[PDB]
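Peer 1: Residues per chain are reported as follows:
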Amino acid sequence: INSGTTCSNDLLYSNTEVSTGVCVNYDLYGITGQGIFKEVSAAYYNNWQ
Amino acid sequence: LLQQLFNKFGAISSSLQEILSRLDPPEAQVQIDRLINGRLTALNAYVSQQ
Amino acid sequence: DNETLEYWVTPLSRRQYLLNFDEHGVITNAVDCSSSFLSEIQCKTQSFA
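Residue numbers (the working numbering), protein chains in the order written: chain F, 1 to 49; chain E, 1 to 50; chain D, 1 to 49.
The shape of chain F in the complex, shown without the other chains:
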């Protein structure tokens, strides 16, 4: 629950931009919370992560 790509389409919204540097709410593909994003480089992700 609250992660994946089997998403219900009852409550519809539009894809916003990842606003870095502000205290934002987020629903990233089911993952929800409040936070502050920061753009970074990252070599640790494979194609399955």
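In short, the hints are calculated from the structure, not lab data. You may find that some hints are simply not true.
Far from chain E, by Cβ distances over 12 Å, these chain F residues were calculated [stated by the list, open to error]:
(1) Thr5
(2) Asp10
(3) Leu12
(4) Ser19
(5) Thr20
(6) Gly21
(7) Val22
(8) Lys38
(9) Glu39
(10) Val40
(11) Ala42
(12) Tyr44
(13) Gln49
What follows is a list of derived Cβ distance ranges for each label pair [said to hold, decoys possible]:
(14) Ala49/D - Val22/F: 38 to 48 Å
(15) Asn7/E - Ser13/D: 18 to 28 Å
(16) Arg14/D - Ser15/E: 16 to 26 Å
(17) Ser15/E - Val22/F: 15 to 25 Å
(18) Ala49/D - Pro26/E: 45 to 55 Å
(19) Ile41/D - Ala42/F: 28 to 38 Å
(20) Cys33/D - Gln49/F: 20 to 30 Å
No residue lacks a Cβ here, since even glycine has one placed at the ideal position from N, Cα and C.
Keeping the supplied structure of chain F fixed, place chains E and D upon it in accordance with the hints.
Peer 2: Same frame as chain F, but now just chains E and D:
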């Protein structure tokens, strides 16, 4: 003292975000009450040791 | 030409390990928490030293 925020104390989760995104208000309260009792017990013991 | 066929098999079960992750996210080290007494000390301290 910080590691006490990740115990369940017999609830379904240690996270208050995971409980309030899965259960209705009458049944989320029963789970929240267990976390509240555990965390108050841990704060009480810390203050006695200080 | 002096070659051999090898297929080593061992059973599996559900159990707790302590795993070690480096700066690339690769599993470098592992310890079965119930195999010996040193492994009990390692899983009780959550430490490989």
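Peer 1: Examine each Cβ of chain E, and state whether all of them lie more than 12 Å from the Cβ of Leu12/F.
Peer 2: holds (19 Å)
Peer 1: Lying within 45 to 55 Å: is that true of the beta-carbon distance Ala49/D to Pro26/E?
Peer 2: holds (50 Å)
Peer 1: Closest CB-CB distance from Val40/F to chain E, is it above 12 Å?
Peer 2: holds (24 Å)
Peer 1: Mind verifying the non-interface call on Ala42/F? Its CB should be farther than 12 Å from each CB in chain E.
Peer 2: holds (24 Å)
Peer 1: Report holds if the minimum CB distance from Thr20/F to chain E is greater than 12 Å, and violated otherwise.
Peer 2: holds (22 Å)
Peer 1: Per the stated criterion, does the least C-beta distance between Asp10/F and chain E lie above 12 Å, as a non-interface residue requires?
Peer 2: holds (15 Å)
Peer 1: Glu39/F clear of chain E by more than 12 Å, beta carbon to beta carbon?
Peer 2: Nearest chain E Cβ is 24 Å from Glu39/F, so the label holds.
Peer 1: Against the range 20 to 30 Å, how does the distance between the Cβ atoms of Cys33/D and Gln49/F compare: consistent or not?
Peer 2: Check passed, 26 Å falls within 20 to 30 Å.
Peer 1: Is the nearest CB of chain E more than 12 Å from the CB of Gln49/F?
Peer 2: holds (22 Å)
Peer 1: Could one say that the CB atoms of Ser15/E and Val22/F fall in the range 15 to 25 Å?
Peer 2: holds (24 Å)
Peer 1: Taking the beta carbons of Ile41/D and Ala42/F, is their distance inside 28 to 38 Å?
Peer 2: holds (35 Å)
Peer 1: Is it correct that the beta-carbon of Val22/F has no partner in chain E closer than or equal to 12 Å?
Peer 2: holds (20 Å)
In summary, this structure violates none of the numbered hints.
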